[PDB]
Amino acid sequence: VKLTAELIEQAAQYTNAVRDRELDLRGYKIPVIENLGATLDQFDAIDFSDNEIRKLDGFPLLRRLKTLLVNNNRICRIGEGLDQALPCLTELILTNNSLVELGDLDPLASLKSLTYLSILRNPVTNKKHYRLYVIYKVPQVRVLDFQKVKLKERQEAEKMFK
Amino acid sequence: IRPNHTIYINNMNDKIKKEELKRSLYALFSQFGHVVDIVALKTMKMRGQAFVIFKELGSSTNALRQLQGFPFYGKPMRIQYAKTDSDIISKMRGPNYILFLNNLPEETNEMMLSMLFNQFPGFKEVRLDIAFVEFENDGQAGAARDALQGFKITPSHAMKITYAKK
Amino acid sequence: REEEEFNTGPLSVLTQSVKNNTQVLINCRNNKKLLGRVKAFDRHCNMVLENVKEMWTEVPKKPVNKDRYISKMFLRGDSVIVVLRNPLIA
Amino acid sequence: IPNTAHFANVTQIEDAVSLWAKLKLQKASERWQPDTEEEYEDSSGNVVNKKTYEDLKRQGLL
Amino acid sequence: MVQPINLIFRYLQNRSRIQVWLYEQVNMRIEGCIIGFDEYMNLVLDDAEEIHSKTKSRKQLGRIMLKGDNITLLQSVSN
Amino acid sequence: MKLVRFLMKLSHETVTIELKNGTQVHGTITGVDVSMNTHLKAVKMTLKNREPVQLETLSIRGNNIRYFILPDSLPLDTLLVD
Amino acid sequence: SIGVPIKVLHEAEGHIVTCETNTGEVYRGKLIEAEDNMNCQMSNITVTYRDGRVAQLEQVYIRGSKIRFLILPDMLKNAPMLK
Amino acid sequence: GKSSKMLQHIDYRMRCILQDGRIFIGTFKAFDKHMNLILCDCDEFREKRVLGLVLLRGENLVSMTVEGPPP
Amino acid sequence: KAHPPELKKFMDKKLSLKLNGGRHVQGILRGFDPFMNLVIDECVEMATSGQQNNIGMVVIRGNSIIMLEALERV
RNA sequence: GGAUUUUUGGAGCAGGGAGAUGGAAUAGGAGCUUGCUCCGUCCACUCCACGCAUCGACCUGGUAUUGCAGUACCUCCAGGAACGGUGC
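Chains as they are written, first to last, in the entry's author numbering: chain F, 2 to 163; chain G, 6 to 99, 149 to 182, 188 to 225; chain a, 19 to 79, 88 to 116; chain C, 440 to 501; chain c, 14 to 92; chain g, 1 to 82; chain e, 2 to 84; chain f, 4 to 49, 63 to 87; chain d, 3 to 76.
Keep in mind the hints are simulated off the structure, nothing from the lab.
Any given hint might turn out to be false.
To be verified - Only pairs whose alpha carbons sit at most 27 Å apart, straight line, appear in this in silico DSS-like list of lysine-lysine:
id : chain 1 : residue 1 : chain 2 : residue 2
1  : G       : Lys88     : G       : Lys178
2  : F       : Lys151    : G       : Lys22
3  : g       : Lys20     : a       : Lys51
4  : G       : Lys47     : G       : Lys60
5  : G       : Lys22     : G       : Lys50
6  : f       : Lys32     : e       : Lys31
7  : a       : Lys79     : g       : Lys48
8  : G       : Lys23     : F       : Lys151
9  : G       : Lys23     : G       : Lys88
10 : a       : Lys92     : g       : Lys41
11 : F       : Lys113    : F       : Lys149
12 : e       : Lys84     : f       : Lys36
13 : f       : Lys32     : G       : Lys96
14 : F       : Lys160    : F       : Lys128
Working from the sequences, and respecting the hints, build out all of it.
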């Protein structure tokens, strides 16, 4: 059950709780996120929860994409061309994923508009100084794992590994 | 308190904005299921509290059980069931196959037993301190037997559900 | 009633532009002056003209003036501010 | 809704659906439904509880 | 209930000096004696004067036919 | 006499419309109403100090249109006869 | 003679709505009187403008001449507004 | 003649541009002779502003175009 | 057509009217009109510095009327 | 069916002054390149008149509320002022 144009044209699309145009693509078990050109950047949020996506890549240019729900998936790697395809990506929910190393968070630093990031329920969050490395690598993010970044955490991230 | 599709979380940080807290609650509730509505106020009566109403009651129950006492913006929020039904849900609404129930309350009618069995999909019939519930599907009957084993309904007594014999 | 008021009032000054085929100037609210021959008019001053020359002045945002020419155009009577008839075709 | 002699000279939609509800209620009422209409007395106490339906008896004998 | 047309007729019969403020123009107003009116609020001021509040000057014009689409507020003065 | 009947008979023609805010929209005129509601298909709009954008459909009101631009090969003498 | 947005605005009288004017003034409150010419008369109204000067007044009246837009709740967008 | 220019875009998401430079993207449900647009669950872009059901007057409308497929 | 505005409840009440160009006046209404023209007897206009100037009975047209707020409970 | 609430528009235009202040990589003219001098287009800082006052959104610290609802917005104190509009 791969993501095609007929699956995106038959999927439900409505208004979310934040008054944004969201398309519900849950319950599809798509192994790879592709063929997203049929939406023509008419959705403000993408609900791709409960899927089997392994890599968050292969997305076309969508300037209206501001929220991406990748919860309950097996995402273990992030694409390096995420900034060239989503310049206005501000919300990224990557809870309960397959990220084990902090080096997968290195392509996530290119998103300058990203402010809300969720990396909870992951083996990469259980490593030593994971939050300090995420604050040092991504200074544009203001809320990490439902927690506001303070000045002391930014000073601790800028002190170590400088 | 009976389980419902709306789960109310309280004891949260009231210093954040309303839209940011609503977006954080929606991003927290999207991992357990589709969030239909999010009611969040910042007045003197509803300070530091919000609620999320979902489509399915099982996703709301899983979000209330998993995020019970989770730290939200520095303060551990307490999640519980809603007292009344939501307006959006009221607007949108309007192993073996046989399972043996023991220690059931006699004051409960057939409508309460149907609402308790409605977490599982459509069954064949219901029989009425002992009761017999037979489902049309074997996996649905197994999920209903695994879910109702020690359920929180009429807390003066404890309800026990077991599989029927031949 | 309407024809006598159009041929005896200010609209006759428009009616002398289409009958004798004379050139008149129209200054609009966008600081532009278009000189041309009026071909079609109406009661709401809807002027459809041919062979018009529109001149104005623009700043770089010293400034400078500019001009252009159009083969056939049509302008509504709302944006028409000033209409001047002068013997410029001879 | 099936085409029968009951739905003759009826030309409107809502009239048809209401008469179908009526006929459904009538026929479903007048049948013999053993599942809900039956009196079993299970051998749990064997001298009491004759209010058992046809489904609770299987649940008790399972 | 006092009608505005009846008040305008009483002001024209009394021949008192009234000041008219323009629409979207607070720097310059007019002042004069309204002689007659019409259905489109067209005022005919005799020996009218344009008063500029920024420059504190007054320029007389005489008989002026002011349209009702530009006059926003009209007040009665003792002068 | 009436310019609305002349504007309504100018369908299937590639024209341009300049608004009061400086935005010029060039496209094929497909629908004209009595209130000068210009409905065009496959138009290109250029605003003041902005980049031109191509749209599959556009609907401009009559009160927002300041000037129009017709091609030189338009039969204005034949279309004026009511 | 009566429009469908005019009928939707007249049917939404008595609910907590808002009216944003052309100058940016947002009069919010219960729509007590709504005429056919977009005349909105509200009681216990609140002024939240684009200037931001938020205040509370006993009664307000905004005409349809300088009215830019109106924000209404979504309780009347289902029925009988479905055409 | 047919007057099907506004009926073909009924129950669809359209983005209308205002005179001051604002853009309202909403589902057009009904209209009138004064071009009164009723945009249910509309978004305001110029930043994103949560508005919802916005009833904008026809005097502040400039242009309107199709945004996407109907929900 | 030509329905008059509902100004019967605001009769003989002290209200504040806003006019175009940022003008503010306060006074008691003495009548109504179908063209939204209001007669304010003993009206006081607010200046730019903040001082109130009494202009007496004035007439405000409907073409520049922005918002009228009733200062008295009706 | 161009005369006050919708469609023949009341819209257009310009951002205070000074200083031997600083820059036009590839884009000004003249004294007929380059170097220099003069004059009608910005941004950054400084000074006078942080252009002024207002309220809303917002950041730091301290502090109060533990409350079951369908919402313009919601505790208070102090500092800073990146944003919006109102009148001069």
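Run the distance test for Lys113/F versus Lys149/F: straight-line Cα separation, threshold 27 Å.
holds (17 Å)
Checklist entry - Regarding the pair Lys23/G and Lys151/F, is the alpha-carbon distance no greater than 27 Å? => result Judged against 27 Å, a Cα distance of about 20 Å means the pair holds.
Would you mind confirming whether the straight-line C-alpha gap from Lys84/e to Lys36/f stays at or under 27 Å? holds (17 Å)
- Message: So if I understand the rule, the pair passes when the alpha-carbon distance is 27 Å or less; does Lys151/F with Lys22/G pass?
- Response: Since the Cα atoms of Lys151/F and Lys22/G sit roughly 17 Å apart, the hinted pair holds (cutoff 27 Å).
For the pair supplied as a hint, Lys79/a and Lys48/g, is the alpha-carbon distance within the 27 Å limit?
Roughly 12 Å separates the two Cα atoms, so the pair holds.
Take the C-alpha atoms of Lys22/G and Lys50/G, compute the straight-line distance between them, and say whether it is at most 27 Å. holds (16 Å)
ask   = Is it true that the CA of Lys92/a sits at most 27 Å from the CA of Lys41/g?
value = violated (32 Å)
Next item on the list: Mind checking the alpha carbons of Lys23/G and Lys88/G for me, to see if they're no more than 27 Å apart?
Entry: Distance ~23 Å between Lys23/G and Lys88/G Cα, so the pair holds.
Regarding the pair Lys160/F and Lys128/F, is the alpha-carbon distance no greater than 27 Å? Holds, because 19 Å separates the two Cα atoms, which is no more than 27 Å.
Checking one constraint from the list: CA of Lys88/G to CA of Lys178/G, max 27 Å. Satisfied?
violated (30 Å)
Open item on the list: Given the hinted pair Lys20/g and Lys51/a, is their Cα-Cα distance within 27 Å?
Closed with: holds (15 Å)
Hinted pair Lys32/f and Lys96/G, Cα distance within 27 Å: Given that 27 Å is the threshold and the Cα spacing comes to 21 Å, the pair holds.
Hint violations for this structure: numbers 1, 10, all remaining hints satisfied.
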